[PDB]
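Structure, as structure tokens:
Heads up, this is only part of the complex; the chains shown haven't been moved.
Read from first to last, the chains carry the letters A and B; within each, the first residue is number 1.
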Amino acid sequence: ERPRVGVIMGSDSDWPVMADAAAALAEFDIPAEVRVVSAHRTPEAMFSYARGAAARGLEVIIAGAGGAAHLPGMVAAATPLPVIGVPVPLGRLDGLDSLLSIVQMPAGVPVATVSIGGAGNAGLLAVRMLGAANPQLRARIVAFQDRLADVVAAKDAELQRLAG
Amino acid sequence: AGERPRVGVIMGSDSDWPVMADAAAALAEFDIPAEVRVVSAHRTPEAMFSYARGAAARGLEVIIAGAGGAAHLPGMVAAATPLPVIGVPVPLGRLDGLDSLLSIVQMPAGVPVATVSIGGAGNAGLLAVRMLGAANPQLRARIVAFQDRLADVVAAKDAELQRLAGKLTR
């Protein structure tokens, strides 16, 4: 099946972080693709990727970048699709630069920003976006949430033990 | 006017309204029916939960939630709905909304919030519109038209600024 969500990043070195987005999508059986696309080193490829996304059938793009992180914003500039930006923390500043570079978009072009390093949540957010008007998928999200609660109960059990 | 809402624009206090009104305005620009509410995570946790839990059944497809300071509303609403929640950090008297921003965006693994810029309620509205357009070719074409109009305005401002600079030089 053709991908419905794209997961892109400026470097394969971002994969240790961005892999969680792919994992989250796979948990919900959403067809997805992953790409290295750099705003600064392949601007033409980036522009084409964004412009072509909707026509290819993509519904959401998750983009990760660090430092002066421009990839999410520039992709959002070039597509009508919702874009989720994942701030990737680099060697200095703990992703604070990445975060401000992504989230602080001036009026006109929005980027949905998640936590620093929060690729897993970007995946879950994409799923919620796909679920908004899809009752079947939405029910799957609700089930996922119920199961999350069960995990906490297991952790609480572990804590009782540790506190003994 | 008396339509069923597809998007909820909510906020922790009515003093957030001057900022959050921009989300409502953006939604109206795209003819998306929306409701505006005061829903307090801190002062009305039970009602906050009821709002979130009841949202999807009522036909809401996106919730835009604004709060400032220790801003918990977007996150706690997201915890109680499968719907996508957009969080608007509202800047308060101190810290220029840096506290609002971190308290909204830094959600640990499990529950996501789509966070926009500090004070960025308008962009929250536009983002909800993109979410609604993602699998709706007609609305999506409206979004592209909106984008092209923004671009045309920049070109007009570019020409105007060149003329202004040319005048100063002369």
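Everything below uses one rule, namely that a residue touches a chain if its C-beta (ideal position, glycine included) is under 8 Å from a C-beta of that chain, and two chains touch if they have at least 3 such contacts.
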{"item": "Whole-complex copies, counting every chain including the 2 in place", "value": "8"}
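Criterion: only the chains that are shown with their structure count from here on.
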{"item": "Rounded Å distance between subunit A and subunit B, as computed from the means of their C-alpha atoms", "value": "18"}
{"item": "Parts of subunit B lying in touch with subunit A, wherever the complex brings them together", "value": "56, 61-62, 82-86, 101, 105-118, 120, 122-124, 126-127, 130-135, 140, 143-144, 147, 150"}
